[PDB]
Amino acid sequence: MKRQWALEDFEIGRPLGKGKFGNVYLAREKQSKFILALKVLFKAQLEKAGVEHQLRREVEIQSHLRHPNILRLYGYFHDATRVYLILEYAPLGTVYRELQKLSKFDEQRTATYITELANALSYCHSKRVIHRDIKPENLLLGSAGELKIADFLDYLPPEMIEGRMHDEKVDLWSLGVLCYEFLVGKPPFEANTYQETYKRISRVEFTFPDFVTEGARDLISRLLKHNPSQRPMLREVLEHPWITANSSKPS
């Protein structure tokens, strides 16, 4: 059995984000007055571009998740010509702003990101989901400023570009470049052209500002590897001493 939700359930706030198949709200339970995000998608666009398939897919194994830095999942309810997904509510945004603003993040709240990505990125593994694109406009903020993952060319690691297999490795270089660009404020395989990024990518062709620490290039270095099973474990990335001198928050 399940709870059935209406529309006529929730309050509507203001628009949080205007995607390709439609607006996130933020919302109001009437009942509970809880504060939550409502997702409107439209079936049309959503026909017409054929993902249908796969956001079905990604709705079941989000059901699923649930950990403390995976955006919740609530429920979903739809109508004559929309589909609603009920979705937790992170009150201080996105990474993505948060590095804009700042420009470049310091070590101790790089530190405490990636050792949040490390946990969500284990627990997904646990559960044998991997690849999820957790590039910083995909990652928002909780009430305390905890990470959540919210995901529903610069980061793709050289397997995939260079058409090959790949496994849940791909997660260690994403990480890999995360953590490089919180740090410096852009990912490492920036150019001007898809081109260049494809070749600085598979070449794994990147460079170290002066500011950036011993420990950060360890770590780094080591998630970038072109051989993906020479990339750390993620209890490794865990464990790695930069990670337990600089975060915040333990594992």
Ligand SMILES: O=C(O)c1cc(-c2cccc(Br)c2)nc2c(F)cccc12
The other form holds:
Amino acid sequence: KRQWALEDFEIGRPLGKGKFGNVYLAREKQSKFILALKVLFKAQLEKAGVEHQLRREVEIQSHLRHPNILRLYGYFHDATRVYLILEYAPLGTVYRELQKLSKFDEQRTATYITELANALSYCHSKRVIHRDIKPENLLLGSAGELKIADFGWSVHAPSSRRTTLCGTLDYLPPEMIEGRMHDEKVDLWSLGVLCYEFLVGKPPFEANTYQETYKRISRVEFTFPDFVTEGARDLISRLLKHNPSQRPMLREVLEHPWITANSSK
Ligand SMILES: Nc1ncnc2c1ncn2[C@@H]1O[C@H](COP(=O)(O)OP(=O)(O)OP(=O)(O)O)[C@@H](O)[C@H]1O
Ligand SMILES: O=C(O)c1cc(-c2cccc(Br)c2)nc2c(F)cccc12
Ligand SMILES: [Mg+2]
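Now that we've seen the form solved without the ligand, could you pull up the form solved in complex with the ligand?
Shown next: the complete complex, the earlier chain at its head.
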């Protein structure tokens, strides 16, 4: 843990907010190294009963080493808060990039999907499933490279564990919203949802209510606007399969002709 304390850092501006994570820019006083401190309130973690998720986030993320996965350097705590020491992502979230641009072109989409597929291939090689691949958890590095972050819902495959109860269902596959046993194929479904949202500007199963969203996901009810190309329609339709066993391997996504034709690499 390298015996860190709050007094070793100078805190800066807020970088973002999560349900539990309050994230700030920070500088280690001696080295001047810039990082991010994810601050969590012990009383709120205890009330919600999410201590096990925090333990998994720290245990899983601290051991991953990949350029498209955000590093977790360490942690410390005081009487009321837990502090996670994270690699700072200077270009913000893919969530904000999408609000600004409205929709991404095919080259930007394919490049993000490749980076996501490479990070997930590394995770899956260790049987680590992320399960919370959503644009607010995809951060951007100094070279504009995508970094997977927020490992709070991560687990070792297979799992029957529930995630959110009232939160966004938009990125979750049918087997997760139904409470069934699931594995690595959960991240392949989220990849298809992201590919669709990047090109269209909204996720495929979006609805005004929780029940209607649930209905659309369980029945896999989505249509493409006219501007979506054949190659993108083909990849998205292969990823958004109700049967998880029918979803492609990550190597099949990385070699898909629409991906190799449009990724910047
Ligand atoms: N290292 C970072 N660099 C820059 N911004 C960050 C960083 N980590 C998080 N953020 C910003 O803070 C927001 C909240 O962080 P995070 O996703 O880790 O919290 P959370 O959603 O509350 O966590 P959890 O789902 O584990 O309970 C992110 O969506 C992003 O906007
Ligand atoms: O009772 C506590 O002090 C407490 C500690 C921690 C904790 C300590 C070291 C590393 C990590 Br990760 C977490 N977490 C708590 C929590 F999540 C809720 C309530 C109390 C604690
Ligand atoms: Mg988050």
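Just so we're on the same page, rigid core means the largest C-alpha set that superposes within 1.5 Å between forms. Positions refer to the first chain, counted from 1.
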Superposing on the rigid core, is the Cα displacement of residue 21 between these two forms 2 Å or more? yes
